[PDB]
Structures are given as structure tokens and as C-alpha cells.
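Each chain you see keeps its place in the complex, though not every chain is here.
Chain lettering (A and B) follows the sequence in which the chains are written, and residue indices restart at 1 in each chain.
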Amino acid sequence: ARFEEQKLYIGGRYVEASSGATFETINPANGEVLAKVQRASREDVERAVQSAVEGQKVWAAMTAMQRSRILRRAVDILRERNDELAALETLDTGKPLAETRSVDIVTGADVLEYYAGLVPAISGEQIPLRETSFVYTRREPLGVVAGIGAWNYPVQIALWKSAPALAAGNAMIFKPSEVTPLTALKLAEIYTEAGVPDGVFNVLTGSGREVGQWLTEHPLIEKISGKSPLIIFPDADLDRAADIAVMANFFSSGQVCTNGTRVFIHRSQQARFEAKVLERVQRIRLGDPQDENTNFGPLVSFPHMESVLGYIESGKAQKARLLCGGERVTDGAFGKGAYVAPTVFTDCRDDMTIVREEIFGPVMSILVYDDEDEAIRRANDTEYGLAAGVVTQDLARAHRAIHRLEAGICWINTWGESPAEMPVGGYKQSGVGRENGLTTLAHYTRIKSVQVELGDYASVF
Amino acid sequence: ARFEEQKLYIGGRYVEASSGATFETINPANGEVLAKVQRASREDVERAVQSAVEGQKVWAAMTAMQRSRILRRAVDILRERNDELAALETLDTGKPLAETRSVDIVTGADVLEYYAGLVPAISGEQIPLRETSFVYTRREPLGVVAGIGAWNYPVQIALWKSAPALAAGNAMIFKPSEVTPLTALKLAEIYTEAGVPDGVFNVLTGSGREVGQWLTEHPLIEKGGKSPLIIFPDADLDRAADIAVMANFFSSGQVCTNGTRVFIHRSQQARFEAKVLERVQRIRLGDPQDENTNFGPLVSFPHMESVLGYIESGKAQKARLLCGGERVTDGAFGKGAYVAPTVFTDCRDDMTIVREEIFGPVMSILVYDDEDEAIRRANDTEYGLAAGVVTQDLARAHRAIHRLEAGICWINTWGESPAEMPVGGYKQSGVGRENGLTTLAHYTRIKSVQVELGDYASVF
């Protein structure tokens, strides 16, 4: 009710859905209705697909450099409208302006810029077979792909998913989280203004698994779409360790997939470490995310808050020691918002629920260990295997330890800057591996292998 | 009957299954029971997994070049035993020895040889972030992976799947098709004899879907078409007929990539049919162990029954039966699963034999009037595995092939498939560097390591 009703984006313009049904997007800072948002119907999905199939033909028919300049123009518009997009994202997600202004759009534009540069670097192979025959391969666009948005980093993930897809000559239909639909629409406007052909990037808003499900079932849509340990070794700089543990747990109010929510500390260092974390947590600046001085906002929604409070209650019941936080923040204007205080449990155990399960809120679990191998064994003892980190002054030891840790992303004496080829939100590494940029593009193309026979054809018949 | 009971292969040796159950593998040339074969139980899966987990650590702890040398030793053994493995494959599958001796083991050994030489090249990336920080990557083995066998090219596909997986430092648990389980056990023996550590290549036999599911569900286990052939009016028709015949009757039509929808221009239909007929009439159907045979029985009696059902459907929908169309029962052939080479013509796009994959020796000939129409109809299908054109014109050959929607494309030939695709049959004698490297990457995972050497910054 703050903004006019949000409509579907198909064919370079907004169009009315065919379901007559809507949902609300709520500012988590105050419970205010930001906008009513239209639910795409199945008919509307078909409409987006046909728009996208035709649009993709125009896009693919352009030269590589033509596509590249168009995407580079979208980058420009993104950087000009950075503060405006951030403010909108802050309203929708609850994330502090200090985060959204310096991370979400910035890194998003950066990856779009990066991929735009690789568009003219997509080529195939030639393979000699014999004097009278050879093979050449062509990399062709998939056609139409679908992208499913995240609620923690809406615009960043929209950029992360659409950039390689569009760069590889595909159209994308994007469905943002129902929790956070606003910036995705803004993104689509920007693509259109930058010269991206109609239907190349359509946005379908929808709730529950339905709109996502229709994209999945549609035969013309070619493609679709942690409890990380932090081990503090005995020779760690404890100030660095506490800064890392705090950043790893409370940035974006703990709503990051790669968060280091299981913090292993050696028995001999437990007392000092707890005191240092305590000190850092007490000076966290929780507040209204529209205040530039806030560095810790409310959670993304009320139902998520209730879920986090459920986990915290689980931690108390299971006899984890509560070091700080542990409740909803309700004084002042906070009581109308979805605020959970930065929470830390210690003396945890591996069978505890707060330790086994992803919480996706500001809840750190501190676990005590006695020897190095034990800690690594326990760090690995999980279903997930997303990220891991070690803190130590001995790099030979760190080197040894990361060989033994079963995780795709490993941090040594830092945390949070995730590999550039991974569609996970938060800090992103300001540099990409050539092969990962090119391998990612390669995922959005299919290979055709053409064998040319120049000689006689042999038949056994 | 012919051979002793076949056991499970776990840990560098044969071991007893714990199901108390067996199935038979049958010689399709004469219907004799080749062997009773043990069924793996769920506990036998668990046993194979623990063996594999431990074997993989020994394997992965070796250098890439150490593994490569071992794999090359298996290559050397495979070439020595080529003829013997070929004859066994012919017993189990019915495929002519002339094929098995020159294709199945030769190309499988080739691909093992290829990955052994390529793997030590693989390195990681290093990426500076700023003066005090950098990230690097390394590719690591997945761990234990599962391989599911094909019935049409049992040992070739066993080699095609195990080669990159083993080269990349994984263990594989392999489950051959219940129709054709014999050669996969021989391959396991050969890996062991080559020096592959115990547990690195285990084989579990099983009937139906159960063993497959058990592998799929295991938490420690990490991981057809209706292809069109378009004959353009400027084609050499003799070459076209050669291509169409090979594309339909090699391995008795049991190839995934077969050109089972043959488009011919209306003005050339009559002459093309006569040329196909001349070639079909000299096909040498017979005992597949006889080196002079070039067309054997189908792989099994149930598969024969399914093909005969499709042939019945063709007649029912009034396709014109040009030749073949029945089981061959003369003399000793009536004891085998022999279906004559079969050609239907005057076919239409909506016919069941045209829409559905038969996996038997049934060619469908379709008439077109113009080139755009032939391309449109060729593309009008859910499948998209392979396609080919026959023409002598430079522009038309490339133009047409680029408009066809298939991943494997042939100009003026048929049948030799890219070496990076686990498709049985003839293989291209050449591999793209990127294709080879990419296949290897499917059997590895990337670990990214970021090191901060300076101060760490925090917003809190």
C-alpha cells in the first residue's frame, strides 16, 4: 500500500496477470505493506515462455559484441542507480543500508560487467580425425532458461543468475522470492532500457511452489534454478578469530548460506574467546536499516523470525549455555518490526538441534574440542559441505587442515568473500578464475558436434 | 550351464552374494543358459561401498602419473585379450564377432589410454584478490561413484564410464545390465591384474531395478532417440543407401544413435528403395561367432518380442513393408532370437514406428518434397541425440546441419560418435581437448581456498 500494485513483467513492459489474485510484500522493519504483488497464473507462464522464445531469437541473432555492449549499458545504469536500488532492497529485505549500498548492486553490476566481456570469447573446437575427415563443434544457446530468486540477496542473485544466461545468448524467465519481489522488477526495467530485447528477461511473481513448478514442468524451459564449521586453532590470534566468528554469524543478521555457525574453539582458549565475542556482540549496532549507522537489521520476515525464536528456545531446552541475546527486540519502534537480538550459545554438543540444523538467523553455536584431528572430524561430520574456515598463525598447519576439510569453499584467516562463480549472496571475491567464468558460460550453452566426411564411406554390408 | 555360477566382484576378488538368489544370462544365438548369476543384496551393496571407500583412499593418495601407469598396464592387457573378450561379448550379446573384435574392446581400451595420458595435465587456478589476499582452486575426486551398464555395448560402456572416473582418482561400483553381465566381471579382473587397488572397481550384478536403486539411495555414493537422416536430391544415392543401411542394421539395429527416420525426396524414392533392397539382400545373417557374419540375433528373446510387436504395429498402420518383417526360423536360427533386417516405406510422421524408438533392425523411409520441409520434420521430435545429411554441395551440407537440432551431427557419413559421449558403437578417432578435460571435470569437484595474509576487516 506504500507502492502501487506490482504487475508481471513480460515483453519489455508490465502486464496484468490472469489470476486476479495477489499477495503482500511486507517491510520487516515495521510490518507495513509495501505493495500488493500479482500471482502469475499458468496462462501467464505460457505467455512469458512464448515472449521469451521469440525474444531469444532476436538476442541470439545479434553479434557477440552487440550483446556485450547492451549488457555493458545495463551495468552503467546499475551503477548510476545504485543508491536508489539499495534503498528499495533495504525496504524489501530489511538489510541495513550500509550493506545494500556497498554490496548487493555493486557486486551484481561487477559480475554482469565481467560476463559481458566474455561474450565474444565463446568458441568451439576443431578435431582432426584422419586425412579425409574432421569434426568441428558449435556452442549454441540453450534457448529459454528459468531462474529462481533467493530472499536474502534478491537483486544480487537476480544479477548472478541472469548475467551468464543472457551473456550466453539465452532468454531467462525469473521468479523472485515471494518474500522479496521488488528489485527483480526494477532489474527487468533496467535491462529493457539498456536495449535488451523484449522477452529476454521476463519476471513472473508468484507464491508457494506453484509458479516455480510450472516453469519446471514446461518442456520449452531448458534449465532451472549449510552448517559451515569455523575452526579456531590453539595458535590463533584470538582477536582475529572473534572478529571472524562475529562477521561469520551476524552479517546480514545471520541470513547467509555460507555462515560459520559452528565455531570450534580449543578448550584452553574457551574462556578468553567467549569474553572477546561477548565484547564484540555488545557493541553491535542494531536498529532501523534506513539509518546509515545501523549494521544489524531485522530478519527478512515475521514467519522467519518465529522460526529463529523456535531454534533459540530449542537451544535453551537442550541445555546449551546462553552467552548473549536470546530474545526478540521489542522496545521503541522495534516491536513493530522483526528484530531478533544477536544470539550466542556455548558449551554446545553435536547432537543438539541448534548445532545440526541450519537456522538462517543470528545464532552462533560455540563448540569446545581437545585436539586438532577431532575438530576436523567433527567439522566434517555434517550432511552439508558448503564452506569451512580455519584461523591460525601457522600456515603450514592451515594448509594441512584445508586438505582434510570436506568443503567446497575454504577460508584461511578470513571469512565471507565467496567464489565469484557461485550464486550465493554476500561478500564476493573481487576476481574470477578464467576457467570458472568460461566454464559457467559453458553451462548455459549446448555443444553440437559436426563430423565432416570427405572420403569414401565404408559399410560392412 | 556353460560357465560356472558368476559371483560378485568386491575388493580385488570374487565373493559370495548374500541374497540366496540368482538369475540366468542367455546366449541369444541358441537360447542356451550361459551362466547363473548372483543377485546382490542390500547388504552386498553396503559391503561394496566400504570396500570402495577404503580402496579410493589408496588410489587417490597416488600421484596422477602413478595412476596413469597402472591404467596403461590395463590398456596393455585389454589389447592382449582383445579376441578373447570379444568372443565372450559375442556370446553374451549376440553381436557379430566381426564387430566385437574390432570395435568394443579396441575403442574402450583407446578411451582408457586417452584419459590416462590426459589426467596429469589437470591443474588448478590461482587468482590474486589484492596485495595481501588470493584464492586458488584444486580439483579433487568425488570419492565413490556408481556406474550403470548398457545391454548393447556392455564392455565398451563399462570402459567408457570407468576410465575417466578412475583416471580422476575415484572408485567406481559398477552394475552391468542383467541382460549382459559377463564382460564387466572380466574387466574387474583385468583392473586388479593391472595393479588397480582392491575396492577401486567393484562389480555388483542384479536383476531388475533394485541394485540400481540401492546405489542411488546410498549416502556415500557421490554420482536414446529417433535420429533423422536426410538424403538431399544431389546426394550420391549409392553412398546414401550405404549410409542408411549402416545407420539402421549395424549391431542388428541396437544402437542409440541409429538413423531410423530416413528422408528421401519424392523423385528419388523408387531408385533409393531398390538400392537399399540390394544392400539388405546381401546382409550376412548367421552365427555371430562366425567371423563372416555381419548381422546377429537381437540381445534377448524378450527384446525380440518387443521388436516384433513394433513390426506388427507398422503393418497395422499400413506402412508398406519393403523387406524383412519377421523372425528368421530356418535351420538353427529358430533356436536363436533372430529378426530379419526390416524396412518400412511410405511412412508418415504420426506412425508409431516413426515416433517411437524400436532398438531393433527396423528402418522407416519417409518421403519429402522440399528441403525446408525435410528439415522441419526431422526437427519435429522430443528426441535430439543425432542427425545426418547426405549431399555433395558445400553450402547445403553445412547450412542444413546447422539448422538440425541434435548434438551429434554427421555429413556424408554415419555412426562414429564423439569420444566424450558414453554412446556405444563406432567412436571418433580424435578427441577435443576441451571435451576431454570437461569429461574429467564431471568426475571431480572444485575446492576453492582463499587465504588472507593481511589484517581482517569487520563491520562490527
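Everything that follows uses one rule, which is that a residue touches a chain if its C-beta (ideal position, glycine included) is under 8 Å from a C-beta of that chain, and two chains touch if they have at least 3 such contacts.
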| item | value |
| --- | --- |
| Number of identical chains in the entire complex, 2 depicted | 4 |
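In the analysis below, only the chains that are shown with their structure count from here on.
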| item | value |
| --- | --- |
| Whole-Å separation of chain centres (CA-atom averages), subunit A against subunit B | 38 |
| Complex interface listing, subunit A residues touching subunit B | 98, 125, 127-130, 133-135, 137-138, 240, 243-244, 246-247, 250-251, 280-281, 283-284, 295, 395, 398, 402, 407-415, 417, 419, 429-436, 439, 442, 446-454, 456-457, 459-461 |
